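Can you build the whole structure from these sequences, using the hints too?
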Amino acid sequence: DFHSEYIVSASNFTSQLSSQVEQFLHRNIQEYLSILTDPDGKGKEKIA
Amino acid sequence: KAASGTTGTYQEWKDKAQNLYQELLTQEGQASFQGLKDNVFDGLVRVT
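Quick mapping for you: the protein sequence lines, in order, are chains Z and Y.
Going by PDB author numbering, the first residue of the first sequence is number 4420, and it counts up by one from there.
Going by PDB author numbering, the first residue of the second sequence is number 4132, and it counts up by one from there.
Rather than coming from a laboratory, the hints here were simulated on the basis of the structure.
Don't take every hint at face value.
[Claimed, not checked] Calculated from the model, a selection of chain Z residues having no Cβ within reach of chain Y, i.e. all distances over 12 Å:
id, residue
1, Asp4420
2, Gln4442
3, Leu4452
4, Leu4455
[As the list claims (entries may be wrong)] Below, computed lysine-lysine pairings styled on BS3-like, alpha-carbon distance capped at 27 Å:
id, chain 1, residue 1, chain 2, residue 2
5, Y, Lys4132, Y, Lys4147
6, Y, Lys4132, Y, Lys4145
7, Z, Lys4463, Y, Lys4147
8, Z, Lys4461, Y, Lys4145
9, Z, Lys4465, Y, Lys4168
10, Z, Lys4463, Y, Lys4132
11, Z, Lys4461, Y, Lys4147
12, Z, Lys4465, Y, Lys4132
13, Z, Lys4463, Y, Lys4145
14, Z, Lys4465, Y, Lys4147
15, Z, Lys4461, Y, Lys4132
Where is the CB? At the ideal position from N, CA and C, for every residue including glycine.
So, in structure tokens, the structure goes:
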């Protein structure tokens, strides 16, 4: 019984926190967009 | 006077920076590099 009390529970974590990490991976994809995008124009506003 | 000169120079250089960004993107896109290769191959054939 005690073993059961953890087994399914472990799967929960195996399906929960790791899952959030995958979402964070998608954020990294957004970071890749900064590689394919050169910011400009805002620098003139900032320096003014 | 220094602030005005710096701001004017920054606006003047923004255009050149954007032009350099566009040239860098074009080079990374692998669009115009083989012309020099063909010219140097023709020169090599002539030298041979």
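Quiz item: Looking at the structure, which of the earlier hints fail to hold?
Solution: When the structure is compared with the hints, numbers 4 and 9 turn out to be violated.
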